[PDB]
Amino acid sequence: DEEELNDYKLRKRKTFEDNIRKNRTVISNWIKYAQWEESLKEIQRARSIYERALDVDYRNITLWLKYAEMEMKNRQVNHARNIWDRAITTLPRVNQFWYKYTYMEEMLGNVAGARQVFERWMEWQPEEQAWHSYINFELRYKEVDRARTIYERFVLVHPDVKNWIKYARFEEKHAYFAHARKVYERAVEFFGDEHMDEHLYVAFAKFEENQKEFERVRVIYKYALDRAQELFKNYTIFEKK
Amino acid sequence: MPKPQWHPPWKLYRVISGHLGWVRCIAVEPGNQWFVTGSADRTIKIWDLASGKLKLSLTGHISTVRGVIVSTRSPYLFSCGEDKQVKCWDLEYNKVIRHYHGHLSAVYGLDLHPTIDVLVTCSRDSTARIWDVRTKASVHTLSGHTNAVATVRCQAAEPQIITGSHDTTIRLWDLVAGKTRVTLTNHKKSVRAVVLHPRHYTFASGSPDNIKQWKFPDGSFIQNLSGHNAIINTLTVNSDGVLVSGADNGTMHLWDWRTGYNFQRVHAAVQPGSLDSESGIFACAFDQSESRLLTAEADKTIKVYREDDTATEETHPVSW
Amino acid sequence: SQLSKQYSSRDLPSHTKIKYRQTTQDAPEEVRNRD
Amino acid sequence: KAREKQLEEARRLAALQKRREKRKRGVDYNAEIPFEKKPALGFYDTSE
Amino acid sequence: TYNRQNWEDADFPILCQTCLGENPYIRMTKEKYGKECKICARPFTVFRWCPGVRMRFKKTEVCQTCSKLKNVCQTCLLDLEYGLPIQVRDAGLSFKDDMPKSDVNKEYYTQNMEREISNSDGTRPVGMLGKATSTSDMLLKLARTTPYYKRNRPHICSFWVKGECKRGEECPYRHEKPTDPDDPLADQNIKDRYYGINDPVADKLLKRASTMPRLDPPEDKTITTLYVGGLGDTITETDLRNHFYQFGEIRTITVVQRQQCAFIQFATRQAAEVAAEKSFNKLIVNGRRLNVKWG
Amino acid sequence: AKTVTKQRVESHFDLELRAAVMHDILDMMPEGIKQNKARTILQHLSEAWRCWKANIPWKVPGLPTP
Amino acid sequence: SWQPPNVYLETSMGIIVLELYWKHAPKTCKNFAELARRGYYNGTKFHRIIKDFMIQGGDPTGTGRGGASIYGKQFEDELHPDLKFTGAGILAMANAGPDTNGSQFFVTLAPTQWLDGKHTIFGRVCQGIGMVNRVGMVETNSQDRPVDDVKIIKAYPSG
Amino acid sequence: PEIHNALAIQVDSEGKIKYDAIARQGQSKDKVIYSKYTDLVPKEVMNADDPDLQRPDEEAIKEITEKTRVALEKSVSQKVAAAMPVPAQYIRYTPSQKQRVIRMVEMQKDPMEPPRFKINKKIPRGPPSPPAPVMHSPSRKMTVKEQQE
Ligand SMILES: [Zn+2]
Ligand SMILES: [Zn+2]
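Chains as they are written, first to last, in the working numbering: chain A, 13 to 253; chain B, 137 to 456; chain C, 3 to 37; chain D, 2 to 49; chain E, 98 to 392; chain F, 366 to 431; chain G, 96 to 254; chain H, 803 to 951.
With the rest of the complex left out, here is chain A:
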């Protein structure tokens, strides 16, 4: 049955090569050919198929994802790290490659060098989900001052009132009440100080209600002086408290 399996593999490989020569652009023949080689346990041949598919077209996300996934499912963990390094250095603007490489090298790898790589992506300045995931990975590595610096970098890169309120809440939860009050003061004086949205002022009033409520009454009075109905309700709550 070995020669029959060889003849079947020759016929299937010939039909796969015929589909490739009919349509080199269609990557489904390449993907099914590589998974057929993986099912036939020709891992290096499937790696060659994935490499020629990337040579024909390196711009597909799913080719890198599939070849990294089969290298991770096999014993090619270092080869998967090579795949992720090439995918990052060719496509630094693809968020899923960053997320999946840091998840793989944080769960299977457990590498803080992957966190340094993800901080290199923080120097590529992503959206807020990636900054919050680096904050959460610093908390999972149990360094609250690191996550405070990451959130300060996020407030520097993408400044927002919600970002500064999250920084104040993170400094409050990281057992730094003075740093939380300083973050609330910097949110009042920096995050939309000319805008005067009276939301960072409300967060500073909540932080001063956590710390010492006379400062909460002063902050609510200052917000009602700077501002509407919400500021009037905050001043009335500070007067009734």
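Read the hints as simulated data drawn from the structure, not as lab findings.
Even for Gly, the Cβ is constructed at its ideal location relative to N, Cα and C.
A hint or two may mislead.
[Stated by the list, open to error] If you only want the chain H side, here are some residues facing chain D, beta carbon under 8 Å, derived:
1) 805
2) 807
3) 808
4) 824
5) 827
6) 889
With chain A's structure known, arrange chains B, C, D, E, F, G and H with the ligands on it following the hints.
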């Protein structure tokens, strides 16, 4: 944040009609005595610059003429068609004297060296070919773009060849090896037109993504001009720095070359008997006097604009 | 192709000279000084 | 489909009959990699 | 669809000293594209000349790109560093390179490495030069250094094999009687000698290299003290101490002139076994030929 | 490459027109859209040209404006 | 005088505190300390780079056979039994010729007894031996010299 | 004395590992590689009256023109020699293993002779150049109204 200069705006003063096909390209005689339009009617029509009368019309390309250029130091016309052919014409006998054949697909653009006098032709087979003029031999074949090369610039400075293709990349080529040296992937969309400033050692690229100004020779990324974000088919720049960007929606956007400040946004009209879809600019070109702008519209018209000379800086303010 | 030995009759040596623009033909020497 | 599989089975039976009793310059897909593109390595890969 | 391998149009054939000959005053002939390569079939530059007097008028077989790949002679097809077959060198150092057997994939990969060498420096036996420096481990026990001219000796007169060479000594082919055709050493497939697969000369030299105990030693029953015979009083304890100082510390370095035994023993058992494998009829200490045995 | 002779006029003209359709349809696509459906756009264009040949009022109300 | 029992070197490769056997090779230690005080071997390229065997850097000639020493052109290769190129973290003088030792420092984290008889050993690198091994493990060309050149940033010749 | 396959780590001191050496693969250092966020960010607008923002003038342009013209004329003469129908040197070989004098002489190639080998070899093409790092602006994610738009 510098305050931009005030280029004066422009006003339309003549419209030429008469083609039965789309006016694909506009070339001007370098002595500024006449101009010529290569159409999609496979017609190469010499028109008078002053009177606007039809001097001559020529046929011969079996498909659509994509490019027309007249040599600035030789009395020759180089017209590339979409029939995979380039015709060199002696205008003294007004005949096709030479034929350039060897592109496997339809030729979309051509350029000449101003001093070396060598031909480069970008075509639909994702390649350009560099031909000797007299012997009609492709001594080089530039390749590396995966999509069809929309435009080519041949300059005497470094690098000589600037190819803009539809695979969102710009290739900047070392000529003596025939090899690309710089590749720019920064445009999100197809690079359809590029324009060089004649003195500042810089250029710009128009795409449906944005406009991008760079600097020779490494292609250092100077500026990103947002706005006029349609399919920019053609580009030109004045000696003043008046940048005219013309897209396939028929709008002209006019800019300062230095600051990138859009000072004019003018949409032209169409032919009376025409669709609204027939408003698409195939070639915007200044004259040699840098005073008249020739736009090649998709309603088979040539719209030539004059400078809006009555404009002042307080009637037309520079924003920020 | 550096190796081909087939010669078409349109590939013959012909029109090997290049005429240039004279001063009656708007030479680039007078293009520069002319405005 | 089924007729092609029956023709392949009959060709296999003829192949065993000929083995019991050239390659025309083809590309042998099972014997080696049909085209080899090696994967790049960096900062890793002591392999297996 | 417009792909082909370019032609080996270059000078400087990289040849053995054996096929190069003995004359310093050499007259030379070069054909530009006279023949093709015997392996990758590119039209290559043929180099034909006469190294000596009794000659074949020897000439190059394979292309310069194939010779740059395999570091073998363009005529003799044996490795230039040692005079050995490439099967012997690949078994000695690294056999992970190989070559595809199908013609289309072979020509495509040959074009790929030809582009690689054309972008590279030009004088390099590709990637395994960095791993081929660790030599003279065992292959230099039988690697040639002499210029062998009996393989440069001309071909056999088949007319006098039939007994009918009327020219006699005027015939430049060899008027000696041939070798055994039943001998498998006479077969010598050129593609097999290139590929390093089942070359009978390579198998004969590997079978010969399996005979000498040049690094066996270890005749002492779990004892580091190995006695090197053939040493005498010429090899002292200081030579054994200087030899074992590179391997670590010498537990027992001594010379016994009664049995002509250099007693060498390192402190480590692995270092003592390495010193005994070096000195088992393969090392000379203080001008004395040492042969390791029980001590 | 072969010359575009008289027997090859309409086929090469329609081939270049289809290539122009592809180049002028790949470029207003924004980020996303897996179903590019350029074969469906070719079917729409072929039906439009056939209905103009047939003088049939061709309209697909589900079709983007540019 | 300048007879350093140890020398500290901070550069791009790292920080190495190599103890120099001034009791074993006194003339070589005096030449190395005076050359480190004068800045002769500082800033020069990594001359010799064997395959994780010997990394000699600091030669003014840049080849490993030259190098300007403070003992007068090339220093005397005065090897001693206490200072031999062996063990982990061995510091030596670049003496590729007989009685011609440069001021370049050679790091050998493995046994280098072939180079011990021909090169004067400065001393034993007790600290920075792993950094010296990581510097010396970088591969080079056929002349034991890679494309990358390793210079010296800061040096403390204490003693 | 008292003791007795990856890639090369390219650290430019303060910069922790240059990833441009991973961004180029077989490409040499002469080719410019835009691979960083510093490569991604634009320059500020500044004074156009600048020799940086000016041409390298007619002397360098004419020298480039002459050198390119000479190289292209060499290529044209090569193409004429390749398409148009129609000494005993004393060198030294160093075997490094003695050094020999070669009277390097070519042979008489016959014009009374057809072409030898078939040059119509149809093999598939080789791999291209290694790809550039795809620099772009951060993407604008389409809404679902944009997706059924
Ligand atoms: Zn030989
Ligand atoms: Zn070969």
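Hints and how they fare:
{"no.": "1", "hint": "805", "verdict": "28 Å, violated"}
{"no.": "2", "hint": "807", "verdict": "7 Å, holds"}
{"no.": "3", "hint": "808", "verdict": "5 Å, holds"}
{"no.": "4", "hint": "824", "verdict": "5 Å, holds"}
{"no.": "5", "hint": "827", "verdict": "6 Å, holds"}
{"no.": "6", "hint": "889", "verdict": "43 Å, violated"}
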